[PDB]
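In structure tokens, one chain follows: the form solved without its partner chain.
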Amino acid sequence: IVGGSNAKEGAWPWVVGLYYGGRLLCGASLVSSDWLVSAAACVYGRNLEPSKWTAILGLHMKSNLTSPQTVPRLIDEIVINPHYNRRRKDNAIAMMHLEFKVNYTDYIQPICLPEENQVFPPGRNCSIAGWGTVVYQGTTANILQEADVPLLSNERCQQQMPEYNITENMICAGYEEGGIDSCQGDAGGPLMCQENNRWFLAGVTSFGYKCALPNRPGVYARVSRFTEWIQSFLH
């Protein structure tokens, strides 16, 4: 987001937007025909009114959605991960269900959930995207932006930010010299890394100390430890 580059149409078909009251608030990703994944932090205290959430698929530009590529959708059921406390900011994953199935096309693709016994060593480049602000004091009203950030270990993250209970359920990423940090604005953006011509899901955007500050890596929720929970009701 911050310091990134503008993306083209169809670059990331699995990135979808979520609206609430006519304003963009949080991001989401497509998992199956009628399921979505998003950070549980942004969807909190609003789970009693599912009808007020509007789902947009194939979102590329915020100018007008009259083009035959945006399919409006509504959320029928919202599921929040039981292991959440809003104190340690640990395990914030939420699941959203669409009212009707959406046919797969060229501009609509799902994400590939990681399997068990998969190890991603630090230092591998992974891509990020979102519609968040880029000036840290404004908003973004343009096409989707993309950027690439390295991977950092848990010990390095604890050493750089000794102010939170990092534990082993969190993923940290970001350059040591700063410059690019997509933890502001869009907190529902997915963390995507590829493996031999197939893009998987690596993490879910979470809280952060402050974007672009040196030695301030981001926070992302682990997905390999929640694959079974998602597949339980993936259907």
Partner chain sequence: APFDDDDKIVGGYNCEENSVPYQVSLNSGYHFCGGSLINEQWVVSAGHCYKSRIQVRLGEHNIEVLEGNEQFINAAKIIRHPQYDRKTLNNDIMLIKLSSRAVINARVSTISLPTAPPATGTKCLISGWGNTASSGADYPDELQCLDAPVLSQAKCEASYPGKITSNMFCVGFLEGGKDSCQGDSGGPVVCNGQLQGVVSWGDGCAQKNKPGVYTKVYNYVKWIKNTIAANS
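Can I have the other form now, the form deposited with its partner chain bound, not the form solved without its partner chain?
We keep it simple here and write out only the one chain, dropping partners and molecules.
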């Protein structure tokens, strides 16, 4: 996918991995003590059997699931946003309920949701996370990657990718010359923006056209307008 870098231990405590059938299929974020926020597209068609989903909290390396800092958990309830379409790829955000609960620790922390009428200005650098690949396809990296990419306004996003509706329900991040992206390969985590002195769940990894290609913005699911829906299930 190009653009990844090394991630320190505990750098992203709210990034968790989702395993279905023994393989890392998608990613999620830790918001509360019993709920996760993940992409609805990658969990579609597998919500009838939540027992087959393995939620790994505090994961740092693909083949090092032995440290005590990582506490595996199961998923019992899976809910998908009713506004999802699967044809326009609109509102690809779904929530997964943990088995019982998770104890807060240094390497496992929640992430604050955006408040009402809180929009991150475009052009502000934000971090991305996920267990993506170095090349466009294949050769999955065993170490969590991190990169900084400024937000792209939807006005130019709808023109740079004249294939979707985009509308106001998506947030685009990318570069004019490309190089840094997280849309394809594997989500493995959401889009995080930090203002004041704390990160926020600004976006969730979504579909895309190409990785490390110029004039190919990376689409991310907008969470500012979905704060109420998430908070309805958080408590």
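Numbering follows the first chain given and starts at 1. Only the largest set of C-alpha atoms that superpose within 1.5 Å between the two forms is called the rigid core.
*Asks:* Once the core is aligned, what is the C-alpha displacement of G188 between these two forms? Give it in Å to one decimal.
*Replies:* In the core superposition between these two forms, the C-alpha of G188 moves 4.8 Å.
*Asks:* In Å, how large is the CA movement of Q159 between these two forms relative to the superposed rigid core?
*Replies:* Shift of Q159 at C-alpha, rigid core superposed: 1.5 Å.
*Asks:* What Cα shift, in Å, does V219 show between these two forms once the core is superposed?
*Replies:* Its C-alpha shift, to one decimal, is 0.5 Å.
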